[PDB]
Amino acid sequence: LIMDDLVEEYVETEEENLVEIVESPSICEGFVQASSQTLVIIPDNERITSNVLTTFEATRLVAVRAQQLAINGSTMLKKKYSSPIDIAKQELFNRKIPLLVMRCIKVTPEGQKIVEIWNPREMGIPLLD
Amino acid sequence: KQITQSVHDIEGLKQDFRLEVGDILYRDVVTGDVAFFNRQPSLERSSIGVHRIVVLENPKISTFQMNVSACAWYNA
Amino acid sequence: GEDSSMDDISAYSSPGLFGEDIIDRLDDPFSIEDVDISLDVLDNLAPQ
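Chains as they are written, first to last, in the UniProt record's numbering: chain A, 9 to 27, 38 to 147; chain B, 381 to 456; chain C, 1202 to 1249.
Check the hints yourself; a few may be wrong.
Unchecked claim - Derived DSS-like pairs (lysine-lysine); straight-line CA-CA distance at most 30 Å:
#, chain 1, residue 1, chain 2, residue 2
1, A, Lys-107, A, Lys-96
2, A, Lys-124, A, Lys-98
3, B, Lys-381, A, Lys-107
4, A, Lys-114, A, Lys-96
5, A, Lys-98, B, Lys-381
6, A, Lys-97, A, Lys-114
The hints are simulated quantities; they were obtained by calculation from the structure and are not laboratory data.
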């Protein structure tokens, strides 16, 4: 009985050189749950990130708005359009998009999330064309 | 059909006669649609790009047709 | 000596190459293991 089509064999050859008494409490250790964070919004005069939307952020805004226009139907465009993509794009260009860009720069160990909330209607818009 | 949370094939929608708001329609690709165009191996950043679809209505054609100058993106 | 009943059936297959007994750990320089390209589109690797 020639079987053939063997499952081979697999070999790993390397080493991972990853460079007060105590007992078992259940509350001092463990706690897989992470502490709830508090949102610190950096004041509008202390924001040091770009006031021009990146192509990534502008694309994300347009995509989110287009999806929400696919589920909803409300908009502020005087010129009506037949596609949610067009409506969202013109909403971004006309500076009437109902979305905010939150840029997170910190995770403080005290459970503090420091963010900069940027208004796309006041921001510069990249090429996108 | 959002009202039924079900997908219907197009043969059984004679009683519909219309689509309601909230319905999702899966329509055929038309000229002007965006498509992702990719050659393996995908070595460079340009190895996947988005092209505007140009539907070729000749039933005797089965290839993907691209301008020759576009091949530099995919090393094709 | 003259028996073949439990003859080692590996020695029946005469050696084909020289160093068949040496286990070599360097990977094959022609494998497509780390190249994630489909089998049907292997023609894209062809020269011209």
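Comparing the hints with the structure gives:
1. A hinted pair counts as satisfied when its Cα atoms are at most 30 Å apart, and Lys-107/A with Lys-96/A qualifies at roughly 14 Å.
2. For the suggested pair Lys-124/A and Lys-98/A, the alpha carbons sit about 41 Å apart, so the restraint of at most 30 Å is broken.
3. For the given pair, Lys-381/B sits about 27 Å from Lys-107/A by alpha-carbon distance, which is consistent with the 30 Å threshold.
4. Distance restraint check for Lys-114/A and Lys-96/A: the Cα-Cα separation of roughly 11 Å lies within the 30 Å cut-off, and the hinted pair is therefore satisfied.
5. Distance restraint check for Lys-98/A and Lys-381/B: the Cα-Cα separation of roughly 25 Å lies within the 30 Å cut-off, and the hinted pair is therefore satisfied.
6. Proposed proximity of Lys-97/A and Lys-114/A is supported: the alpha carbons are some 13 Å apart, at most 30 Å.
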